[PDB]
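Let me begin by presenting the structure, written as structure tokens, before commenting on it.
Only one protein chain is missing from this complex, and each of the others stays in its spot.
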Amino acid sequence: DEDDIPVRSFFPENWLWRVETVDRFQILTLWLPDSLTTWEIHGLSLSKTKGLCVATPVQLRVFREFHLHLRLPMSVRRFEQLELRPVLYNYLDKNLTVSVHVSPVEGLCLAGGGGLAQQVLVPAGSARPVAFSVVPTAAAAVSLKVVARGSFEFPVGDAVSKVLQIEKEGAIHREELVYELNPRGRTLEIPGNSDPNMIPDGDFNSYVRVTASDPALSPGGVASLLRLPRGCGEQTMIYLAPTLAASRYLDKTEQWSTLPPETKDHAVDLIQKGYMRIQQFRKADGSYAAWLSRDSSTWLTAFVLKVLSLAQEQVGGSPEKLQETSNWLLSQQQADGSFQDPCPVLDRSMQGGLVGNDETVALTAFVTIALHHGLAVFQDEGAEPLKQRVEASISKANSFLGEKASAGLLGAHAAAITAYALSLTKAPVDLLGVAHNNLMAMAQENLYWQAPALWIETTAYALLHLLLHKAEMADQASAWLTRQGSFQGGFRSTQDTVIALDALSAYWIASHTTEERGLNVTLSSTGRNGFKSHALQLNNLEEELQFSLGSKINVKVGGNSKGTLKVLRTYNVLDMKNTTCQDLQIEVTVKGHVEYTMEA
Amino acid sequence: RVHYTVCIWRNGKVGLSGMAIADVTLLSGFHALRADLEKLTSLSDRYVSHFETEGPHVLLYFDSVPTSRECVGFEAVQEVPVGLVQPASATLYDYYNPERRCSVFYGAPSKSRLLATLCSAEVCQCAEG
Amino acid sequence: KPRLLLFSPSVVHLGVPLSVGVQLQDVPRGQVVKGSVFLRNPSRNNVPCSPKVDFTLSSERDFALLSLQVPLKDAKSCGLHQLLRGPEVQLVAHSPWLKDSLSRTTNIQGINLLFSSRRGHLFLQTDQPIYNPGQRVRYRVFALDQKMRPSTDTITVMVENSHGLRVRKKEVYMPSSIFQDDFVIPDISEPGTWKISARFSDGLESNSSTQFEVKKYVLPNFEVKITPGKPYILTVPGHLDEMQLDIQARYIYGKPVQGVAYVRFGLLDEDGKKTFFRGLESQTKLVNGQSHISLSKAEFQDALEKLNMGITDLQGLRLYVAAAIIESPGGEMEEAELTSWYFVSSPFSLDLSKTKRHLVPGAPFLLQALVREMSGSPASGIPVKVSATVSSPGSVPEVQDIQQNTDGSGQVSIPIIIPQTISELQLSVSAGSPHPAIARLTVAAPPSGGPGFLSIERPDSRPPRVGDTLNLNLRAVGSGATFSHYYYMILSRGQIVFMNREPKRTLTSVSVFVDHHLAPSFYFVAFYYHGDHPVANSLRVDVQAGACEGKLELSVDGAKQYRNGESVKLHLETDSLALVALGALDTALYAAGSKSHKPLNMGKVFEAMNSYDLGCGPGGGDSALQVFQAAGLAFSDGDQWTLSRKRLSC
Partner (left out) sequence: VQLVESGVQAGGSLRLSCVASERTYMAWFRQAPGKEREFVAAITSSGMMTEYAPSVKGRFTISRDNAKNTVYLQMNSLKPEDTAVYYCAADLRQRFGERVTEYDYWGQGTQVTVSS
């Protein structure tokens, strides 16, 4: 009987995919899918108390004594002859003469014109494939059911119904449009598909492909600079400039981990006590002079302001006690904006490269650099009248330096320092440009400018200027500072040590710096369904997005990063492949008499 | 009650030269006489080096593939009448790479190797009946 | 000279509790020391990255285990994500007792730790191991914290492509810890190996990746595997092993298949190029699903001389084999390969990764070796001979020969006694009968003149089952009787889960109750002070895989061989309330051309757990600092401190 046979249609590859609770006992009934195989059932228990343990897989087995295995080919082109082979399987103990016949299905061509039974005798424990050749002429997919009905001697029947999907006309074509991206040449256009091989009706799936295509001094020697401040009001700064520079330089360079962690907390107390040691030398008007009785010196007040203002980010000082200190410096500004020493320092050695033919230029540059450093520590609230005159004071000071800077015929140390001071306080561009141009010409040629105290300092100040004005010049500059600083017992003086540590700290953070490297683009076009848009963010990997754009598309790539963008388009074309075998061929001719039950 | 003559040849000089494995498939109820195939193998001048026959299917391993149309034959018998008219198949698997097969067809002595289709167009219909 | 010892794993995972081991030694027994331990990063003004934790321990209890919480929110607050070179955080112990009593430089003692966002355990389960384009891909990822309990955090599921391109990103918060998702393959995607990746959203590098392969296939019906008689070929001059193999073709549902079985042989070199043989193409007929194929020694010689490769040249060449079983009369053919078959000179492989280097003079040095038949399970009854060459600088290097027979699991432990002041030890291990597999190594003696070493010993020398109580013995070597107590601590998965103090006697038997928290391998670090210097010798101790603690037992109603369309009553059991992730997978998919990758099984779960283990190497070190580095620890006693890790994985 045709109807009695239990057609089998459920042929999944994974069915018991779920998740459920457990209470030591549950009887879940699983209906085995109508497939003949052994199933590798397994599971994982996820408990709040105990946790996970992978279960032991269970090898359930499902099998029928007499079955029919029909294995459809995956790609079945139309207008092409097809070979289907339902291999009858008979593991019974009885010789059976069964009949195989694909039920009449619309959209197909039955070789016999329909349900023509092909009686076949199957010796027990053996297979008797009954070749069936039906040419597919349907549109999308046809489900053909093979029914094996046995004789009345032992009536066991089987019926498999597997859905056959028929591919679209012709082969499939791929278009790969390799291109580039950049921050000029921003907007690009992809020409719309215009190939004449296009089948007018067919699947047109396209995909986009965007690729990001992306490309320290010794912690031992510098850590030795941490010394307990000692001496008079002058020497307390010699041991407190490197002490803050070393603490700061390793703070920015992230070299504290190399040193034992007690060292960091050992240094945070050298500065803490150091700040008190120099604070008690403060005069009534915040001069920070060498001695309480000795006359003040604007150089030290500027130098102490820079070091103390910089350290103010750590020690819980009083902002108002620092604001007054800046007031003293301003009051010493001369008519043209210069600064004159009221009392020179007892020891000229700490001055670094200041001593020389010209001093007022360097004093003006050094003080202004320090003077700005104190702007950050000013309270955001209050002192507005105090702040305002500060900008005027530096602006007046900058004008004098710019006038001197453009004049030329100045020393190397003056030339380098002037470049940084104007750069830091945002001097007028023309003065900035001429001052910067003055530095490069005066430069000398990782050969730049052992190194005496003069050359080492000026390099550090100049090196800072290049960072603020890093392209093959700062990188080639540090190679002289670091090489010059790596010598045993390097950084002889105090001004070079405090500032050289500053440049390398600044240079290191610049060189080892990373950005977002964004590259996101936009794809838009006027498709038949309307207007659609897409974007592909590539801040930090590669992306590909399925977009429905059947016409010319618009690209608006943006971002400092550069990469490769290519678009893939898929479609069908008119086939031209020969049906006849090209390399190896068979020719078989059957001659004789074949008896037929019925013939056209 | 029915004869066969399977013929195989290779163009050569492609770099894939090698043995071949015929996959001749017979009609319904056909099985080659083991006596005939056994005679092919035993001979000193042997072409079908290894053969296995069970029911319709027949494998004729060929040690040497000649460039020309030099080929072997054999006999077959039938027991159950064939209930429908159609073309059976065949296939020559390259012994070193069965993915470069060669599917071919054939049919009854008076019939053809294809079915009747009025296709020859965008519209496409067949006339088996 | 009292000291405050600070111990903690040399890596800290942000978002999960950290355990810090702190204790006192050489105390006047009349003072109580109280302090705080917290995570401060130096680059941002020492702002704390974790809540303050105090220990307030005394002399009568000088050992304390502190469970330090390190929430990730504070890490952002202290700017740990803003570092520009390496994830270096610092752990410090602050206590006024260090400055007032010990008169140290500062009232704070600490260490350097390499933090990393990696945390939690993420297991991915895909629908089926292989996909043909156009199929609907299902999958799910399990979120588990360090303690292997369900988590409820947020993760970023990422589905990469064969070329290495993202295809689907999903962020979701899972209150049930199981995230189910379905993804659809393009109908055009070329065959290749895709990938699914999931990582905790707040974390950055806590990703776990599973690879599902997409290939053009249709489900086969018989799976054929080639099982050679002996998985290796002996190829030493004179004697050549016979090369025979058995081809087995069975249906996916078990029954044997009858047909033909063509076979082609060849040679695969290291890169992968094939080189076949002409005339050796042996084809047969399967009888009861089995066929035996052999190559006579003379026939093999003819093939090679024809190829002119020779026999002595088969050093690292692999005997390729392929099959083309055609199921007559069905005709479907399903090929197989046997790439894994070498031309080796010996039948055994020497695995000496377990013998600890840095022998300790004066105590019985143990040699642990695992002898395994190449491409096979560990073998029993293989006599192994060793020729230890003790190198005494002041006398002729002595030679000691001893042999032992494999216990039954493949491991051997032969104690060789070594004297004092020995330059080094060089030994050769030979295992086999005949054709021994020789693998000689040398171990350098620790520098002489140092403080007395320590020698741990395991009597049973057999891995303990979960629930056992293994015994360990300690003894100082040399005139170092100054100390009065023995110290030890148990490490597992980079977390000090047990710290204790032991008194010194004639024999010091320290017992460890191996619990589930110690698996699959827990270290064991022990030390004592020779007055001022520390001396220590850890010991990698493995733990047997045991069984579940959740007890998920899948079962069926006997073996009735259910027919298709029939109903089965699955029986499953669980020790606690749990969510079972049932998944049924057709077995034929393993037959479909694929690497046959292992599913999610205990091999990976325990591998995943131990992937957090920071220390590497079996243990033991020349100096107390080196051993504490190898165990995955940070040690600082004020005078000697542990160097930070150079990179996450050694």
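We call the chains A, B and C, going by the order they appear; numbering starts again at 1 in every chain.
As a convention for this text, contacts are C-beta pairs under 8 Å (C-beta built on N, C-alpha and C of every residue); 3 or more make two chains touch, one makes a residue touch a chain.
Asks: Which of these touches the unseen chain: B:3, B:100, B:111 or B:113?
Replies: B:3
Asks: Among B:35, B:121 or B:123, which one touches the chain that has been omitted from the display?
Replies: In the full complex, the listed residue that touches the missing chain is B:35.
Asks: Of the residues A:173, A:174, A:552 or A:591, which one touches the chain left out of the display?
Replies: Only one of A:173, A:174, A:552 or A:591 touches the chain omitted from view, namely A:591.
Asks: Tell me, which residues in chain B touch the chain that this view leaves out?
Replies: Contact residues on chain B toward the absent chain are 1, 3, 5, 33, 35-36, 39-40, 43, 45, 47, 71-75, 77.
Just so it is clear, only the chains that are shown with their structure count from here on.
Asks: CA centre of chain B versus CA centre of chain C: separation in Å?
Replies: 56
Asks: Which chain A residues sit where two or more other chains touch them?
Replies: 126-129, in rising order.
Asks: Can you tell me which residues of chain B touch two or more of the remaining chains?
Replies: 25, 54-57, 91
Asks: Using the touch rule from the top, collect the residues of chain B that touch chain C in their complex.
Replies: Touch list, chain B to chain C: 19, 21, 23, 25, 50, 52-57, 59, 61, 91, 93, 95-96, 98.
Asks: Over in the complex, which chain A residues touch chain B? Could you list them?
Replies: Listed in rising order, the residues of chain A that touch chain B are 78-79, 81, 83, 97, 99, 109-114, 116-121, 126-133, 135, 137, 581-600.
Asks: Enumerate the contact residues on chain C facing chain A in the complex.
Replies: 42-43, 45-46, 83-86, 88, 90-92, 104-106, 108-112, 123, 125, 127-128, 132, 138, 140, 142, 144, 147-150, 161, 163-167, 177-178, 180, 186-188, 216, 218-219, 221, 252-255, 258, 327, 329-332, 547-556, 559, 561-590, 599-602, 605, 636, 638, 641, 644
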